[PDB]
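Asks: Put chains U and c on the given structure of chain u with help from the hints.
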Amino acid sequence: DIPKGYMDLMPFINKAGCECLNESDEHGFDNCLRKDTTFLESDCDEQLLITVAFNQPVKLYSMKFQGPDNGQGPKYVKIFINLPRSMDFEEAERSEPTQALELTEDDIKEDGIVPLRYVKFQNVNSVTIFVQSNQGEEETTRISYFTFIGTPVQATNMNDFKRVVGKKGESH
Amino acid sequence: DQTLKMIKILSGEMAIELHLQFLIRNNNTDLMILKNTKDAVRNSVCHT
Amino acid sequence: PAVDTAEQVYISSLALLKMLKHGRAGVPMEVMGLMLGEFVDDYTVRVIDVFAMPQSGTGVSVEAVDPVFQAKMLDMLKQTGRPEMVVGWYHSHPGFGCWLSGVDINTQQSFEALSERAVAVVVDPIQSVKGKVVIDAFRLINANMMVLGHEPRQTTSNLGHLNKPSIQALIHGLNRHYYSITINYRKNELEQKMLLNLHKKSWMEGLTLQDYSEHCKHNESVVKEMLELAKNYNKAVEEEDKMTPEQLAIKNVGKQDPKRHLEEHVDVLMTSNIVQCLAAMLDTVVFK
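Residue numbers (the entry's author numbering), protein chains in the order written: chain u, 118 to 289; chain U, 320 to 367; chain c, 23 to 310.
Honestly, the hints are just simulated from the structure, not real lab data. Any given hint could be a false lead.
Taking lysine-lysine pairs in the BS3-like style, the calculated list, with each CA pair at most 30 Å apart, reads [what the hints assert, rightly or not]: (1) u:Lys-237 / u:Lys-195; (2) u:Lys-237 / c:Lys-40; (3) c:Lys-215 / u:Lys-237; (4) u:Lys-132 / c:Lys-94; (5) u:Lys-176 / c:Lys-209; (6) u:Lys-285 / c:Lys-94; (7) c:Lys-215 / u:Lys-279; (8) c:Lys-94 / u:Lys-176; (9) u:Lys-285 / c:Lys-215; (10) c:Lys-209 / u:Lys-279; (11) u:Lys-176 / c:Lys-215; (12) c:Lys-94 / u:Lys-284; (13) c:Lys-100 / u:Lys-237; (14) u:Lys-195 / c:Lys-100; (15) u:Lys-279 / c:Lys-100.
Next up, chain u with everything else stripped away, as it sits in the complex:
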């Protein structure tokens, strides 16, 4: 699928940055990133907080927050961008989201891609998802698949500086 001239951000997800909150031990965060039946569930409640980190500033166009049709899939998703610190569930609800989404049953489907307001996500470095409820009001929610579609924003790696012209010792 995917839109013209855009690429999935799976290669741009930094495993160091990503961290899930309320994830069940049996089904962890890594499962939801694989295009298999393996899924991620939340052990303590329907609320889940899934955050992902990007190696270099990436742009957000469309995200596929697929889930099971049993009713435990995501219903209301809150998103924040460039969060300096981890998110608390009490503080997450209070804060306004970058784009509050009310995922319809169509979006949850395997072929469902939920659009995002491209203007807001221009220099996203770490996007956090707050699933405030599931369709079926089940005790625990599940995310069959989850990834972001966008473009990689070229970033100056000043860690790769290095003189390319001239001789050492110069001044001014």
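Replies: Quick look at chains U and c alone, frame taken from chain u:
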């Protein structure tokens, strides 16, 4: 019949054709001025 | 492809202040620092923050960018909430104007190696001593395209030719090896209502009655000098020499008696007296 002609006339076909004919037939431009302008441009600005 | 002369290096209010402060700290020497911002699009380079790099014996050169210092600074600023990229570098040119030398060009090319749009900024803390801020944004002109194409920047708009090149920059290589970028200052309210507090004037200053002693002395001095000036105006008008009076009014123009040293003083006196009297009455009413 008549309604088709009125519809065509309103839609802008006949008027556009007549205007194009008038412009093309009487089109007579002093190309020497544009030739002089061409030989007075070294800056791409003045080119566009 | 080609860079439009309409590209605009957006310099934030904080960035300009920090760059000026760092440049003024170093004088008599040259300071340098990396600029943090975003390459929002092809026709704009936005700088939000600028952090100084430590002064080193090397000077402003590729070796002034201490990799450990830069890495740790960026890492620690990311936590606070500033995950910005390095958009360019700035260095102070004490005395001389905003231009780029050979070592500057080498450093600019090294920066361009990372990103093709790494703008370079030059600020002179000594020239920028008054309402003038001599700040220029420079980028390298591929000497290759000097012949391969022609000039380096497309002119699809008029947003860039509304400025003028400087003899200094021209002498040191402007439009030859380096090309300037229009510097636009991104200022917002909150950052402009906070800066109108350097001199905001307390409410008390607008109710202080001055002092009547020096007020009387000033009134007396101004009135005496205005009496002398009225004598001069009398002499000038009563003369009314008609030997081409239109020429007379132009052959005696020296900012003198007629009106300049005239009613200028009337305005000074009347403004001072009216303000003082109004303040006195406002105090007589407000305070008991």
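Asks: Which of the listed hints are broken here?
Replies: Per hint list: 7, 9, 10 and 11 violated.
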